Amino acid sequence: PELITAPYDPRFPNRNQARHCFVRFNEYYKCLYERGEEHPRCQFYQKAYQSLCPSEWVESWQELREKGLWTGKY
Amino acid sequence: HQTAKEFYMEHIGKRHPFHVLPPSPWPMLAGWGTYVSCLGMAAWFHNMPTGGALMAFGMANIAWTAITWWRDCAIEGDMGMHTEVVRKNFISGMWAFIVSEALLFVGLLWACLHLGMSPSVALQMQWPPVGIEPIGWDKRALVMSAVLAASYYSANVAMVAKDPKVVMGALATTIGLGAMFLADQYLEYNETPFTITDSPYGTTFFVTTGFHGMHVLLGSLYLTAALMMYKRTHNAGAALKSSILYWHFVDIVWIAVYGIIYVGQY
Amino acid sequence: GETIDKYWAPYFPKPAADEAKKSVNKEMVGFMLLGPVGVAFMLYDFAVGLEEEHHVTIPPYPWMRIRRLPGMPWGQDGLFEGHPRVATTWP
Amino acid sequence: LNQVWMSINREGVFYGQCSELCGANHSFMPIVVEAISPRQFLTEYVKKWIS
Amino acid sequence: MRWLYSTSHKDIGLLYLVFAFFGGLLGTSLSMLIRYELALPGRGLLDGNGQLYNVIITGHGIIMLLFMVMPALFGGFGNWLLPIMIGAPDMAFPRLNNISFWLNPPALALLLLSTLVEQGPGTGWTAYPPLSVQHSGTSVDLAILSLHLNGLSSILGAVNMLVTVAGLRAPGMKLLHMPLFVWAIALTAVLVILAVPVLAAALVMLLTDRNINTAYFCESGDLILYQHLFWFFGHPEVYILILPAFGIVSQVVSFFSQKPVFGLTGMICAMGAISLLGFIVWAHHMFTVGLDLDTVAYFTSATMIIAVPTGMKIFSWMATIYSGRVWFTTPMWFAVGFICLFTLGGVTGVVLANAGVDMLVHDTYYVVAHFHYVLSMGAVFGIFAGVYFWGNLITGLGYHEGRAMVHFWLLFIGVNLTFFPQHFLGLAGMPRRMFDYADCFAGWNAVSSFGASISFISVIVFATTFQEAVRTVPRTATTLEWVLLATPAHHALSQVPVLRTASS
Amino acid sequence: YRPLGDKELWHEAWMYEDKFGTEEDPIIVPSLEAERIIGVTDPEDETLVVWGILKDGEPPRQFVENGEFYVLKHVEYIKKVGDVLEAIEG
Amino acid sequence: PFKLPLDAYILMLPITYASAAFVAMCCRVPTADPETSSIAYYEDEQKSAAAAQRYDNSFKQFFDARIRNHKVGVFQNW
Amino acid sequence: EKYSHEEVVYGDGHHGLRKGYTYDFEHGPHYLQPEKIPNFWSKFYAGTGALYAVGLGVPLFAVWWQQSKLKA
Amino acid sequence: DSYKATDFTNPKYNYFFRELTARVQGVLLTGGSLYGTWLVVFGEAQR
Ligand code: HEA
Ligand code: HEA
Ligand SMILES: [Cu+2]
Ligand SMILES: [Mg+2]
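Protein chains in written order, with the UniProt record's numbering: chain A, 75 to 148; chain B, 117 to 382; chain C, 23 to 38, 41 to 115; chain D, 103 to 153; chain E, 1 to 504; chain F, 77 to 166; chain G, 4 to 81; chain H, 30 to 101; chain I, 12 to 58.
Bound conformation, chain A alone:
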C-alpha cells in the first residue's frame, strides 16, 4: 500500500499555500470545461485540490459558484 497526496508545485514557493489551493480548484473546473469530464488530468486536478483545500473553503466556493458570484470565465 502507498498513499498519494498533492505534489509540490514549483509555482508556489511560500509557506502560505492558499494560492496553490485556489489555482488547483480553478484548474479543475477549467479541465472540466475544456477536456471533458472523465479525462485523467481533470481527476488529477480534483484530487490535487481535495488534498490541499479545507472542506469549509471548498463548500464556500461551490456556494459562491451556485449563487453566481464566481469571477472565473468558465
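No wet-lab data here; the hints were simulated from the structure. Think of the CB as a built atom: it goes at the ideal place given N, C-alpha and C, for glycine as much as any other residue. It cannot be assumed that every hint is accurate.
Not the full set, but computed from the structure, chain B residues with beta-carbon under 8 Å of chain G [what the hints assert, rightly or not]:
hint, residue
1, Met233
2, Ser234
3, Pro235
4, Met241
5, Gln242
6, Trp243
Here are the simulated distance ranges between beta carbons [to be verified]:
hint, chain 1, residue 1, chain 2, residue 2, range
7, E, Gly443, H, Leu80, 32 to 38 Å
8, G, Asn72, E, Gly311, 28 to 34 Å
9, H, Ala75, B, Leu229, 56 to 62 Å
10, D, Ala137, A, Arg115, 32 to 38 Å
11, A, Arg115, E, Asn354, 26 to 32 Å
12, G, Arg31, A, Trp131, 29 to 35 Å
13, F, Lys95, E, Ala463, 54 to 60 Å
14, E, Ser136, B, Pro165, 16 to 22 Å
15, E, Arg2, D, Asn127, 50 to 56 Å
16, H, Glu64, I, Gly37, 32 to 38 Å
17, F, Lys95, H, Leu46, 43 to 49 Å
18, H, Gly42, B, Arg348, 25 to 31 Å
19, G, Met15, H, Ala75, 55 to 61 Å
What the simulated footprint calls covered on chain H by chain E, stretch by stretch (three residues with Cβ under 8 Å from a Cβ of chain E suffice, anywhere in the stretch; the number is not a length) [claimed, not checked]:
hint, stretch
20, 45 to 58
21, 62 to 75
22, 78 to 85
With the hints as your guide, set chains B, C, D, E, F, G, H and I with the ligands onto chain A.
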C-alpha cells in the same frame, strides 16, 4: 500690574531672549475635553442614544479651548514677547510636528501598498476587485493636481514678497485654491462607484484621502488665521512662515497620495 | 515702547526692494503656468457634476458591502451615498 | 494556509498546547499527536476511514 | 491652582513622577492577582474566569509599560532635569509641556474605566485582531482611545524636548558638553517622533475595522499587516523606555566613582547606533506567523547586531568604575545591580533573536523572563537609582540610608526569585497568557509566587524611607544641578550660566 | 577680544576675551547679582566641564587645575557684545 | 558634532550591511511570485515556475552545501 | 484694568504669601519648602496612605465588579 | 489707538474669552464627564 512689566524686564527680559509664561488654565481643560469627546466617540460607535451629541459637545469644548489658547499666543506675539530666536524655535517645532504627521501618512500608505500588491484568496486574487470601478488619473484628480500645484506656487509667492498688498493677495489666492480642493473632493466622494465598506480598495482610498483632506482643511484654516493677523499690522512673524511650511507639507503629501492611489491603483 | 522684542532687536539683524519683485515674478511664472487652467477646468467641473447617471448594479460579492456589525453609526447606507449600487436582490 | 514539512524519528505520544491568546478558554486547547509505524498506518489505521 | 495651571518644568516633572508612582502602585496591585492565581494548579481566587484573567494581564501590561516607566523617566526626570542640565531658563513651549502631562490622567481614566464596562478588554497589551475585533461592546474602544491619548502625550513631549535641546542651550556649550542623560533624552524624543504615529495609524485602522465595517484586518484584508505596523512601533518603544535609564546610570556611576565617563563619543555613537538599528528589526516578534524564509533570515541576522553597542556601553560603565575612588551608597547599588542584571536580560534576547531557537520558546514564559529582566532590572532599577540620587534636590526631603538598603535588598531578592524560575518553565514549554497549567509546572510557579510577595513587601517598605533633609551651600560640581540649592528657586538659573573656553 | 566672527551677537562677551586669568591679573566676570554660576573647561581636555559659583568681594578663585583665576564684579548692565562694542568698533 | 572615534566605523560596517540587506529585501519583494494582481499570471506554467524557483534559489543556494552537510551548529555535535 | 493685555502677558504682580502658603514659592529661594507646612508629616503620611490605598484597591474593585455581574 | 471692535484680540474682549470661559467650560466639562461615565458604564449598546 504696572510693576509687573517692570518686574519682568528686571528679572527675565533683560537677561535672556527667551519667553517665560504666566500660569495658564487651557491645557487642563483641553485634556478633560479630550476625555469627554473620547467617551462620546465610544458611545457614538455602538449607536447609544445621545452619544454623537456628547462627542460633538466634547469636540466643541476642545475647539473653543484651542482657539482661546491661540488667541493668547497671538496677543503675546503682539506685545513683542517673541524675539528672533523664539521665532526660530517656532519654526523648528513646526518641523518636528510635520515629521510626526509624515510618519503617520507613511503608516497609512504602507497599508495601501501591502493590500494592493498581493490580493488574497478572499478577493479571488484580483486587484482591484471585480465590481469596483477605480478612479482614474486622467480626470478631475488631474485638475486637483494642477490646482494644488498652483496653490504651492502662490504660497511660495507670499513667502518672498515685501509689498503687503501682494502678500495679502497671494495668501487669499492660496486659501481660495485650497477651498476649491475640498469642494471638489466632496464631489468625488459623492459620485464614486464604491463605498468605505466595499473592499480594501474602498477602505484604503477613503481613509487615506479623508486624512489628507482633513489636513488640507486644517492648513487652510491656519493660513486664514495667519492672514487676519497680517491684515491688521502688516507683520506676521512666525505665523506666516510656519503656515506656509505646513501648506508645502500638505502639497508634498498629496504627491505620494496621488502617485500611490490614483496612478498605482493601490 | 520698551518691549523685549525691541530690546533684543539690534542683536538679531535681518539678513540684508527690486530683488523681491524679481523673486515675485519668478514664482508667479510658475503660478500662472498651472493657475488659470486648473481653475477654469474646475469651474467647468462644478457645472458638469451631479447630472450624469450610472445604472451598473454590482452583484453582492462577499467583499462588497461588509456588515460585520448591523448598519452604520449614522444609519443604514453609507455616508455621502445617495444611490447604493450593489444588488440588494440577487437573483 | 501555512504549510509545515515534518518527519518523525520515533514512535510515541507527544503533547502540546495552543500558543496564541484567543479568548477565555485559551488554556484549554491541548494537542496530542500519536506516532505509529508506517506499515501499521497503511494497513490498519487507514482502513478505519474507508467508506 | 499651582499644580493645575503650571508652566514650570520643575512642577510638571514632579507631577509626572507622582503620576508614575500611582501607575506603579496600580500595576503592582494587578500583578499580585496574576501571581496569586498562578501559584497552584487548578482555579484560584479568580474562580475560573479566564476573561477576567485576560483583562487583568492586558491592563497590567499596558499600565506598567505606558503609565509607569515613560512618565517616570521621559516625563519625570527629563522635564525636571533637562533645562537645568543644559542651562536653559525654561522649556521652549511651557504650556505645551502642561498639556503633555494633562492628557495622561484622561488616558488612565479611560483605561481603568474599560475594565468596568461589559466583560473588559481581554486581548493582551498588543491587542491582536480578530480577537480585538470580536469583542462586542465598548471596552476595547476605550482602551484604544487611551492608547491614542498617551501617544499624543508622548509626541507633544518629544517635540518640546527636541526644540528645548536644539535652541535654548547655554552660551558656549556645544553638542559635546551636554551630559549623557541629555543625549539619551534627545535620542528618545527622536525615537518617539519617528515611531508613535505608526501606532496611531494602526489603531485608527483597528477602530475602522471594529466600528465602520471596513476591510483593513478582516476576512478580505490581511491580519499580518497589523503585526507589521504594531511591531514597527513596538520595537522602538522598548528602546524609548531604556535609554533614559542608561543616562541615569551614566550620571550615577560617574558621580560616585569620582571620575568622568569612559569613552564619551563611543557612548554617544553606541546610543545612536541603538536608536538606528531599532527601526529595521521589528519582525523578530513575528517568527511564527508564516513569513518567508528570506525575510526571517534577514530579521535574524540584523537583530543580533544590537548586542555590540550595548556591550560597548556596559564595558564603558565598568571602565568608568575602574581606577576610580568608589563610594557605595543606595543609588550606586541600584546602578551596579542594573549593570549586573541587564546583562542577564540581554543575553536571552540574543537567544530569542535566533529564529530556529525561537520556534521552541515563542509565547512561553522564557520571553516573560527576558522582558522582566530588561524592564524590572533595567528600567525600575534606573528609576529607583534616580529617586535616591536627586531626591533631596527634587522633593526637599532626604532619605534614611538603612531603610533604603533594606528596600533595595528586599526588591533584589524578590524580583530575582520571581523571574529566574520562569526561564525553566519556558524552556520546558509552559505557554504565556494562561491561568491554569499542567501538574508538573507546580514547583517553579510556587517559587515565583513566593518571590512576588517579597517584591510587594519591598514596595511597601519604600514609603518608609523618607525623612527630613539637611541643606548646605554648594561651591563646585561637574553638572549644573549640583551647584544649586536644595530645593532650587522657582526660576532656577536666575542668571544664565555661560561656558568659557580656556585661553592660550 | 577674540575674533567675533561666527559668534552670536547676544552672548555677553568677556567669555571671548584674549586674556588668561592669573593670580595677579584675573578675569573680571560681570554679574547682575552678588553671585553667579560660570563654567570652565579643563585646559588639557575640552570634554571636561566644571561649574563653579563666584561671590562678590572674594579673592581670585581658580576652578580647574592649571586654569584661570576669576573675580566677580557687580554691574547694572552687562555688555551684550556683538552689537555693543563691535558696532562701536574702536 | 564631534570626531568619530575609531570604534564608530567598526560599528558602521555591520550597520551599513544591515541597511543594505534591508533595502535589498524590500526591493526584491515586488519582484516575487505571489505579488501578482491577476489569476492569468499562473496560466503560463513555464514562466511562473521559473520565476518562483528563481525566488527560491537566491539567498538559499549559498546554504545548500552546508544544509546537505548539516552545518547547523558552531561545534560538531555528531 | 484687571483684564488688560499686560495682565495677560506679564501676569498679576502679586507679592508675598499667596493665600494660605507659609512661604513664597514664586520668588523665594526654594520652590518647595516642606519644612514650613504646619503638621507636614501628618499630611504627607495621610496622602501617601491614601495613594497606596487607592492604587492597591482599584483593581480589587474591578475584580469584584466583574464577578458580581456574573453571579446574578 | 491700535484696536478696533472688529479686532479678535481686543483687550475689551479678554474677560469673555479668558475669565468667563474658564468657569463656564470648567463646569460644562464636569457635567459632560459625569454623564459620559454613566452612559458608557450603565448603557446598552444597540450596535
Ligand atoms: C514596566 C514593565 C513591567 C514591570 C515593572 C512588571 C512587573 C511585574 N510583573 Fe509583569 N508584565 C509586563 C510588564 C511589567 N511587569 C508586560 C508588558 C506584560 C504582558 C501582558 C500581556 O501579555 O498582555 C506583563 C505580564 C506579566 C506576567 C505574564 C502573565 C501571563 O503571561 O499570563 C507575569 C507573570 O508572573 C507578571 C508578573 C510581574 C511581577 C510579579 C512584577 C513585579 O516586579 C511587581 C512590580 C514591582 C515593582 C517594584 C515595579 C513597580 C515600580 C515602581 C513602583 C516604580 C515607580 C516609582 C516611582 C516613579 C517613584 N507580569
Ligand atoms: C526594556 C525593554 C527591552 C529591551 C532593552 C530589549 C532588548 C532586546 N530584546 Fe526584547 N522584548 C521586550 C523588551 C525589551 N527587549 C518585550 C516587552 C518583549 C515581548 C513583547 C511582547 O509582549 O510580546 C520582548 C521580546 C523580544 C523578542 C521577540 C521574541 C518573542 O517574543 O518570541 C526578541 C527577538 O529577537 C527580543 C530580543 C532582544 C535583543 C536581541 C535585545 C538587545 O537590545 C539586548 C542586547 C544586550 C545584550 C546582548 C547584553 C549586553 C551585551 C554584552 C555584554 C556583549 C556580549 C554579547 C555578545 C557577545 C552577544 N526580545
Ligand atoms: Cu523587540
Ligand atoms: Mg504569538
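Q: Just tell me: holds or violated, for the beta carbon distance of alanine 75 of chain H and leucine 229 of chain B against 56 to 62 Å?
A: 58 Å, holds
Q) Does the Cβ pair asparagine 72 of chain G, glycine 311 of chain E satisfy 28 to 34 Å? A) Hint holds: Cβ distance 32 Å, inside 28 to 34 Å.
Q | Hint validity - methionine 241 of chain B Cβ closer than 8 Å to any chain G Cβ | A | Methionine 241 of chain B check passes; min Cβ-Cβ to chain G is 6 Å, inside 8 Å.
Q | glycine 37 of chain I and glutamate 64 of chain H - C-beta distance against the hinted 32 to 38 Å | A | Because 34 Å falls inside the window, the suggested range holds.
Q. So the hint says 29 to 35 Å: do the beta-carbon atoms of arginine 31 of chain G and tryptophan 131 of chain A match that?
A. Given range 29 to 35 Å: holds, Cβ gap about 30 Å.
Q: Return the status of the interface hint for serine 234 of chain B: holds when the least beta-carbon distance to chain G is below 8 Å, violated otherwise.
A: 5 Å, holds
Q: Confirm or reject the coverage of the stretch 78 to 85 of chain H by chain E under the rule of 3 or more residues with a beta carbon closer than 8 Å to the chain's beta carbons.
A: Three-residue rule met by the stretch 78 to 85 of chain H, so holds; n is 5.
Q.
Quick check: does the Cβ-Cβ distance between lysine 95 of chain F and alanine 463 of chain E fall within 54 to 60 Å?
A. 55 Å, holds
Q | Distance restraint evaluation - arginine 2 of chain E, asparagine 127 of chain D, Cβ atoms, bounds 50 to 56 Å | A | About 52 Å separates the Cβ atoms of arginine 2 of chain E and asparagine 127 of chain D, which means 50 to 56 Å holds.
Q: Identify whether the interface hint at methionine 233 of chain B stands, where standing means a beta carbon of chain G within less than 8 Å of its own.
A: Cβ of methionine 233 of chain B sits 5 Å from chain G, so the hint holds.
**Q.** Given coverage of the stretch 45 to 58 of chain H by chain E, tested with a Cβ cutoff of 8 Å and a minimum of 3 residues
**A.** Coverage by chain E holds here, the residue count being 5 at a Cβ distance below 8 Å.
Q: Mind checking the CB of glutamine 242 of chain B against every CB in chain G and telling me if the closest is under 8 Å?
A: Because about 6 Å separates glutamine 242 of chain B from the closest Cβ in chain G, which is inside the 8 Å limit, the hint holds.
Violated hint for the displayed structure: number 11, the only one.
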